[PDB]
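Next up is one chain by itself, shown in structure tokens, the form solved without the ligand.
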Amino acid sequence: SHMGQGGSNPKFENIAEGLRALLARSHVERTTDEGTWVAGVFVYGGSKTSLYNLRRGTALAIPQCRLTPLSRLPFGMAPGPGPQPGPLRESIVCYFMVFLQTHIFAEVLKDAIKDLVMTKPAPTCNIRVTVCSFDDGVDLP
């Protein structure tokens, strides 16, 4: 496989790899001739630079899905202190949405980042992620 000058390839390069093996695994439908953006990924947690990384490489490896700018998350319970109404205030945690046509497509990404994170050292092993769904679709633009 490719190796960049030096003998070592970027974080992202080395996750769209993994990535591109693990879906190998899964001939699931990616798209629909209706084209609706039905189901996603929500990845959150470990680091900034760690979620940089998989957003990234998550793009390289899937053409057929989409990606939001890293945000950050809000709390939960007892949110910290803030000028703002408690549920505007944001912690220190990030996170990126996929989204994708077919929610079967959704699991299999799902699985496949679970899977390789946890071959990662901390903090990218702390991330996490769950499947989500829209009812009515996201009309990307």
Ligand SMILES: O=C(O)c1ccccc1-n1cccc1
Contents of the next structure:
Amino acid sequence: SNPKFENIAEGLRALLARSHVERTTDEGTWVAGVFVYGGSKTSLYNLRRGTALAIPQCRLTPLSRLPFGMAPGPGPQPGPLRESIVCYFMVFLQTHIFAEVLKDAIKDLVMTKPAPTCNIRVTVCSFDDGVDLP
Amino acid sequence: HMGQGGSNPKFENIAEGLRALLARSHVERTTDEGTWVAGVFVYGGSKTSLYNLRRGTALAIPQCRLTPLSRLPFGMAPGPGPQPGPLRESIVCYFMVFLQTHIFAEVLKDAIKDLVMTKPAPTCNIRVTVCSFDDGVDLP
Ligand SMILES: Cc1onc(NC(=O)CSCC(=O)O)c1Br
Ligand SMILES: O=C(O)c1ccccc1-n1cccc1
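For comparison with the form solved without the ligand, would you give the structure of this protein in the form deposited with the ligand bound?
Following is the full complex, with the preceding chain placed first.
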């Protein structure tokens, strides 16, 4: 009944179908992920809903906001708590190999869409000691 | 320093405790590249204890950048909800710290672990792990 989220799910599934790497481990620990950001709040939200449908094996944070980076010039840097309008969400995964596959699928999916969707960025991330999701 | 009535806010005391621990480690906090390639992922405790830790971390460390507080999903066997399992939100909170160096992320992870162990529950239940971002995060 949510055609927008289902159409994103189908786009992701079509891309993820090219790979057969393991998505879970016997340990079940959350040791990798994909960090997804930019675009717009709504385009990220839509991508998050489609990711949830396409990947039952992942876990997702809500959207939240990124802080600023470095400011050019000699003027003051932003304080560490200052929030931008750029949003992000995190995908938690049990294998790094599937994180890499998902990162590539998200990149390939969003580049076929108009702005602001094509401005979504993604990087793999790893958690040294894992994240003990509750 | 001592505030009115012989008390400081918890976040100020966190900042001072972190400053003391971090002074033990003379490691690089920035790079010429300036890229945000490392982090610490801080979670658990309670919303109030994380609130104080986040505010104290900011005060102690100008070289870092912090997300707001937010919520974690469940791991195995999520709780109920009308939406898919991967989206269901627990009551456990988290924040992230972005950093320019891997070594300082390690030092900060150790400092937070050491500091929260000296506090009463629920602060001592806060968890932390280093993280790394393969391609960096292009903070705005
Ligand atoms: C910021 C922001 O932008 N969209 C969001 N929603 C979710 O991530 C899932 S629904 C909960 C809600 O929206 O309050 C949030 Br939080
Ligand atoms: O809704 C979005 O912005 C979106 C997000 C991620 C991937 C595809 C999307 N899309 C865009 C048009 C049709 C699908």
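Basically, rigid core = biggest C-alpha set you can superpose within 1.5 Å across the two forms. Numbering follows the first chain given and starts at 1.
In a core superposition between the two forms, the Cα of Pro83 is the only one among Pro63, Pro69, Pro83, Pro87 shifting by 2 Å or more.
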